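FYI, not all chains are in this one, though none of them got moved.
Going by the order they are written in, the chains are A, B and C; count residues from 1 in each one.
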Amino acid sequence: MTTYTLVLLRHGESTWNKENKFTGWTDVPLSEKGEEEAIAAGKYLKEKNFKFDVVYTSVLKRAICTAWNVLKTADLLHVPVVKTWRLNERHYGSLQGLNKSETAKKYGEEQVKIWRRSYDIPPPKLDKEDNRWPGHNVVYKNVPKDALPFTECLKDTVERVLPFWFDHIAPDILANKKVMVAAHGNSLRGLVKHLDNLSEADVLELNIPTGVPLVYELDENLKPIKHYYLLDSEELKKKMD
Amino acid sequence: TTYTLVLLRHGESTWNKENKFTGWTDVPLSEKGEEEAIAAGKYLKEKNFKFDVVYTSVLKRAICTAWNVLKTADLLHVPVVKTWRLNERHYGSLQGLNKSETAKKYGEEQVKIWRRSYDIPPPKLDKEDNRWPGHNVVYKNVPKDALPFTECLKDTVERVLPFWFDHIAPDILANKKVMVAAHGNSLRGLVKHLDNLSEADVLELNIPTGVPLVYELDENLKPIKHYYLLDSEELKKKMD
Amino acid sequence: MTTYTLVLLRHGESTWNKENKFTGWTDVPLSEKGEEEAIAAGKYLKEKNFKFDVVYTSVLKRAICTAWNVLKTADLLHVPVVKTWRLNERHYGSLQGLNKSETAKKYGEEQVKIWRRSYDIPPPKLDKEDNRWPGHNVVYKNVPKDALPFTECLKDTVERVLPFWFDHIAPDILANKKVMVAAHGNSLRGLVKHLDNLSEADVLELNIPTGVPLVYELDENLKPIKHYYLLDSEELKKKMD
């Protein structure tokens, strides 16, 4: 008898995408193009008449600008925005800032694949005393420093995402408010893993395109009914890589 | 003692050019207003001002000012909390009307009263007026009977102070750095409290746009002093 | 088509009621009898099947024990409780702690009546440096000291109550949750003044008995439909003084 609507939105391209450095929690801005992706997304949302009561996002700039550009375009600047580290990209450990190929040559090309493409084998942990430690960064000034990863594997990311869904995202949906989550591909993958109740296998085969709204239709027990991408079926096919 | 409070008043909207009275009319920042917010931001950064929280109204000429400052200072991660209690002072039947049509309706004399008094609101709207804030989904979560049909500066001060007491001040008291990016009239409500000003002093005070106003406060939130964080003379030329 | 239910509950007798001192914000406990009043109220609520999602109360002990005894009796100890100075008794100024008759003889017997029974003429203001100033009292450690009265008249009490209704009590009711307000007669009178939209006149003629639940039935715009006391019509008649 009753249906809920949730919107997941990955962030568009960033400065590092055309550079091949591992990024993780490194705070890179959107690029000209990823700015265009969030306005467009917003434009589509407006045209199809999606309204929001809450927007949840990471504390990483590239997702915050995404949420913001959507709301501006859709004329919902008044909508409250909740930012949480719990929505961040998967942390890349000592790999952060480092060049993908130059690390495929300072280690096996099969080592970087496990670290990149597996589910539960994390890259080398950072030291606390390294300057990339999140705990040195004022962004996390107001968060117990022991909550912050030295390194993550997708399973760690999922585990730190799900509390935020049960405590905040999910009550909201259950309270009859329309929520959008503008986060990162890995954190959004933690979210669909649970929603679609995916095995380790399938969730690793799942690729979420950038800048494309993912609409989930959920029942009274928040189990999906269906899920669809809001795009024209010519950009979507292109956008699927 | 610490506690540094900064107040930022938004730059002009698109309607300043058209001389249309705005009030709660949710009009966007003009391209000039926008740039002022960025200057303010370039200036806060250059003195190493940080914030743990931002407070703002629900009208977008105010929220973009917040945004621009945080983008410019590289503080995008900071919480932003938007309340109707920080809204511009409501402008009753004047909303949407330009100075001209306003003179033609009420005469230039009545309008000076509604623009210059503390006490005497402009003509009031009612529930058969599509400007009534109760019709505006932006407020679908406020008991409609909390929402103004019109306002004078006093009304504006009265609804702003609860938000000062319930949220702004307790944050300052926890050791938090807060910026309040809002509107002339809502900001003057804060000041009238902070500086213990009379009805008469609150009227003499204009707050320039795009200039951070910094308050240093003692452990009881009484100002030690306050200053505009801008150039010695550009500060005077901006008060116009 | 849709109806809301709000429960206002005054607190039962206190130690000072059988002493004749002006009490105001003075933190006196319930008496044996007022403890009995809150359990009974709770008992009636349980028997008639009233459930709560939130309880709002003052920060004065005598109302807190009331809320608590109701919830215990009604088996709702898990229900969150929000305590606010904004729900306090009307502040009695320099009168606090002082004896009603001994102040009818240190001043006109018509002066104490205006101070007691009028709407907008407050008793003499306390000094900050007096030990009765609320701002010295840790109960208010976490509240800007400039929010706290030196003295109140009912109009002041109403004015400081209504923000709490618009910000917190009212959204809750509007959100489909069942609320009880366990506060004080003067603060509850601020609340019905607004609900029934009473003149100054009528609200001053209004006497709320202690320990008796006051049920308001409200429509989609939170305007009352009806309001009734949950008691047997033999105690109620007795209890009306």
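By definition in this document, a residue touches a chain if its C-beta (ideal position, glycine included) is under 8 Å from a C-beta of that chain, and two chains touch if they have at least 3 such contacts.
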| note | Chains shown: 3; total copies of the one sequence in the complete assembly of this file come to 4
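Throughout what follows, only the chains that are shown with their structure count from here on.
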| remark: Here the gap between chain A and chain B, centre to centre from mean Cα coordinates and rounded to Å, is 34
| remark: Among chain C residues, those touching two or more other chains are none
| Which residues of chain C touch chain B in the complex? | 142-147, 163, 165-167, 170-171, 174, 221-222
| Contact footprint of chain B on chain A as seen in their complex | 51, 59-61, 64-65, 68, 77-78, 80-81, 83, 138-139, 141-142
